[PDB]
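Student: Given the sequences, and given the hints that come with them, work out the whole structure.
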Amino acid sequence: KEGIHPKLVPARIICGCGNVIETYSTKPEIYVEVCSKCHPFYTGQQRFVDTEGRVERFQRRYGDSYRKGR
Amino acid sequence: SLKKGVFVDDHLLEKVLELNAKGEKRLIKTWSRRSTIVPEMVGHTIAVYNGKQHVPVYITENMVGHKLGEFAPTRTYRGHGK
Amino acid sequence: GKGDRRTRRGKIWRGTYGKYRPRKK
Amino acid sequence: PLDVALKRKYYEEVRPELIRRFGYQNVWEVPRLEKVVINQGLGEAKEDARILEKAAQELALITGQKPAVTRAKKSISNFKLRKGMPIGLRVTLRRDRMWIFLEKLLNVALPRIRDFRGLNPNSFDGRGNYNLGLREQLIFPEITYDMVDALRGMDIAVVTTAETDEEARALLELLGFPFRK
Amino acid sequence: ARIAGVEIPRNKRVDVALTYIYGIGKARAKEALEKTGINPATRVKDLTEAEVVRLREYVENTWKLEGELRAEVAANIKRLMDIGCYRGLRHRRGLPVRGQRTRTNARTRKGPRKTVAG
RNA sequence: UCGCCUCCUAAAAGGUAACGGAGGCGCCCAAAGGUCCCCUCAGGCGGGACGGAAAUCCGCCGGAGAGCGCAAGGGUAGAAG
RNA sequence: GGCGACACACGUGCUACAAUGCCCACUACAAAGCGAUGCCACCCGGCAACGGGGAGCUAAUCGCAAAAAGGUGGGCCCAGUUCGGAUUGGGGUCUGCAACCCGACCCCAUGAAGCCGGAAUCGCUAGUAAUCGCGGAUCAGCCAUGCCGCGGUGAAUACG
Ligand SMILES: [Mg+2]
Ligand SMILES: [Mg+2]
Ligand SMILES: [Mg+2]
Ligand SMILES: [Mg+2]
Ligand SMILES: [Mg+2]
Ligand SMILES: [Mg+2]
Ligand SMILES: [Mg+2]
Ligand SMILES: [Mg+2]
Ligand SMILES: [Mg+2]
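Residue numbers (full-length UniProt numbering), protein chains in the order written: chain A, 2 to 71; chain B, 4 to 85; chain C, 2 to 26; chain D, 2 to 182; chain E, 2 to 119.
No lab work stands behind these hints: they were computed from the structure.
Mixed in with the good hints, there may be bad ones.
[Claimed, not checked] So the derived label-pair ranges between C-beta atoms look like this:
hint : chain 1 : residue 1 : chain 2 : residue 2 : range
1    : D       : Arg95     : E       : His92     : 44 to 54 Å
2    : B       : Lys18     : E       : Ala28     : 40 to 50 Å
3    : A       : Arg61     : E       : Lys65     : 14 to 24 Å
4    : A       : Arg48     : E       : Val117    : 47 to 57 Å
5    : D       : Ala69     : E       : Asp47     : 29 to 39 Å
6    : B       : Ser35     : E       : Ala42     : 55 to 65 Å
7    : A       : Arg61     : C       : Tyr21     : 25 to 35 Å
8    : E       : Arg108    : A       : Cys18     : 41 to 51 Å
9    : B       : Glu27     : E       : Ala28     : 44 to 54 Å
10   : E       : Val74     : D       : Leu133    : 22 to 32 Å
11   : B       : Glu17     : E       : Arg104    : 33 to 43 Å
[Said to hold, decoys possible] Straight-line Cα separation of at most 27 Å, DSSO-like style, residue types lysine-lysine; simulated pairs:
hint : chain 1 : residue 1 : chain 2 : residue 2
12   : A       : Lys28     : E       : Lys79
13   : D       : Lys182    : A       : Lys8
14   : D       : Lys36     : D       : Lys67
15   : A       : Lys2      : D       : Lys36
16   : A       : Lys69     : B       : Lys18
17   : E       : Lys27     : C       : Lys25
18   : C       : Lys26     : E       : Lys31
19   : A       : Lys2      : D       : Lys67
20   : C       : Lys20     : E       : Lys46
21   : A       : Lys28     : D       : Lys67
22   : A       : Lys38     : E       : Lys65
23   : E       : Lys36     : C       : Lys26
24   : C       : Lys3      : E       : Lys27
25   : C       : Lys3      : E       : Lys31
26   : C       : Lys12     : E       : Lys46
27   : D       : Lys182    : A       : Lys38
28   : C       : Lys25     : E       : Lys31
29   : E       : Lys111    : C       : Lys20
30   : E       : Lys79     : E       : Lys111
The beta-carbon is built from N, C-alpha and C at its ideal position, and this holds for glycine as well.
Tutor: See the structure below:
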């Protein structure tokens, strides 16, 4: 144990969207772009797009020209 | 790529629409990719001509801008000696 | 880049105009 | 005793929730997350030690605990290596350090993974344990990117006093284990 | 700065550094920094952290990019899996999609020459 | 073919022949030696990035089928490993 | 439907591998030809292709066209890179009864191979080779990087 391992200091770390604690590790504080426990990407879900379906839009895009209708 | 036209064959549609009231039979041919996938009568089979014979293509959503004959290859290839 | 469709030079070579080569003024 | 947010989060939230979900009658029947052991299959160091040492201090930085080299049990001419030969690092961490690692794992590293739709829910042992693969090791906050030489990963084993892989499925779910539904 | 899925480009003009992302190219590049209101000719070397945050927040959102849209593109080709069209078969055989000449050329999809001889 | 080692022939002590049935040896190790202190294998089934029938890791089950420098026999984890 | 097929082989080419270079902006200087069952100024919508308008022109009158290489200014700084543009996804436009097989452009995103070529092999002796753009025929459109022409800048060397 003694005289080999790195030590573990108190808590402080910077998130790209807000805050984070714990840290310990080796560094006093570090930077993190993609935040975690906050919200983006599978953390409350932020549906960026939806990936268009052809049954919906393309039936109403090709079908927007309802000249072929009936 | 049309935009204000976006056409289907009148004769393909005539045969397709007057055989669409309250149900039908999948026995329906054609002779023109020229058309378009047509919503409604999705649960249908359209025997498309590939130059030689009438290939029964099946519609199950998914398809739209792809008219017909894309679902009817005209060549065979299959292999080159191997 | 005489074959790149995103240059005034490629647009010349192709002949056509556009965003990367406006029809003057 | 330090503190650790995840540690508390276990006691004053995750702990009573389990007694409600499963209705344990004893304070010990409840699943207790203990022992998390990191392992790196290091064939890369088939014939290199300065590539092994760089992987050592790298690991020591993310866990705060020196790893130990593992050696090949036998000999496989089919893919080199003999009896000796440092092929693989491994560090065991339980208590305090296990929690400090588990926090930065769930609450920094895991989301920093490319795309990442969530941990596999079938990746459960059958005796209440979990394991998960990792590609890049730069996803750990203590890794500075511009100080690496190779993208070497690691296997992670999380051992738990649960019986079934359901009670653990629950225990980790509460602690913050994204499971891709 | 770890903008999207990448971080690489240091001292090399943000309008150019942006390009180094699958989803940015050149048009979305200057479009993103004029809409975020940042000088294009900057160092990219981690300048004003605020500009970097705003840039990241706008770019990474808005439109799909990096590994996510690669998945969508691959899925759009997976569209013509099922009982798909003619265009799908061209993705199947590994041949050019747009009906071009395959008697010669088409090496960018066929790959290097194999030579049969006879 | 000629000396030495192991198994069988060998008829439940020892011993026992044939130009009977099968294999080894003419070395090696300053640790593979002394002692003190620790530790338990092979396999099978799950779990796990690159990693597959086998690489390391976790988890159960596994009395010894592993290992014991090299033939074979005997022995051996309550150790000789 | 096919002439457009593709495991491959050859010819004629086009575009490049970059800094005597690329991108952006500004600003000059041609000839030879073609057009009122068309060329379409100038406005208007549009990032743009293009669409709405709509003047002039049976045309040394009006239009196609601003020639481009050049010059000025600025930016990249030599790394498959602001070189290179293939391939592929998506979104559009125009002709056309219709563009899946097989049309040309436009815009967004991808950005491949190629860092200058083995044995071999070609052209050119003065406005020439090299390099740069322009026009016409056929033509609804166009797979033209082809062919027939036009001019811009403008070498090297020939002992024998
Ligand atoms: Mg073809
Ligand atoms: Mg006896
Ligand atoms: Mg006996
Ligand atoms: Mg006896
Ligand atoms: Mg000893
Ligand atoms: Mg022909
Ligand atoms: Mg290469
Ligand atoms: Mg170079
Ligand atoms: Mg002569």
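Student: Does each hint fit the structure? Answer for all of them.
Tutor: Hint check:
no. : hint                             : result
1   : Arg95(D) - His92(E): 44 to 54 Å  : holds, 51 Å
2   : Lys18(B) - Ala28(E): 40 to 50 Å  : holds, 47 Å
3   : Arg61(A) - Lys65(E): 14 to 24 Å  : holds, 22 Å
4   : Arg48(A) - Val117(E): 47 to 57 Å : holds, 51 Å
5   : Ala69(D) - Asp47(E): 29 to 39 Å  : holds, 37 Å
6   : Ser35(B) - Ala42(E): 55 to 65 Å  : holds, 57 Å
7   : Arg61(A) - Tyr21(C): 25 to 35 Å  : holds, 33 Å
8   : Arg108(E) - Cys18(A): 41 to 51 Å : holds, 47 Å
9   : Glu27(B) - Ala28(E): 44 to 54 Å  : holds, 49 Å
10  : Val74(E) - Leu133(D): 22 to 32 Å : holds, 28 Å
11  : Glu17(B) - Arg104(E): 33 to 43 Å : holds, 41 Å
12  : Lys28(A) - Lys79(E)              : violated, 46 Å
13  : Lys182(D) - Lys8(A)              : violated, 38 Å
14  : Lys36(D) - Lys67(D)              : holds, 16 Å
15  : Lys2(A) - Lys36(D)               : holds, 18 Å
16  : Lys69(A) - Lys18(B)              : holds, 14 Å
17  : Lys27(E) - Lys25(C)              : holds, 23 Å
18  : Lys26(C) - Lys31(E)              : holds, 22 Å
19  : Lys2(A) - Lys67(D)               : holds, 9 Å
20  : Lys20(C) - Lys46(E)              : violated, 31 Å
21  : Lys28(A) - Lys67(D)              : holds, 16 Å
22  : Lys38(A) - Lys65(E)              : holds, 22 Å
23  : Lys36(E) - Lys26(C)              : holds, 25 Å
24  : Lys3(C) - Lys27(E)               : holds, 18 Å
25  : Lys3(C) - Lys31(E)               : holds, 24 Å
26  : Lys12(C) - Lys46(E)              : violated, 35 Å
27  : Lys182(D) - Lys38(A)             : holds, 17 Å
28  : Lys25(C) - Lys31(E)              : holds, 23 Å
29  : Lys111(E) - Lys20(C)             : violated, 34 Å
30  : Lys79(E) - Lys111(E)             : holds, 19 Å
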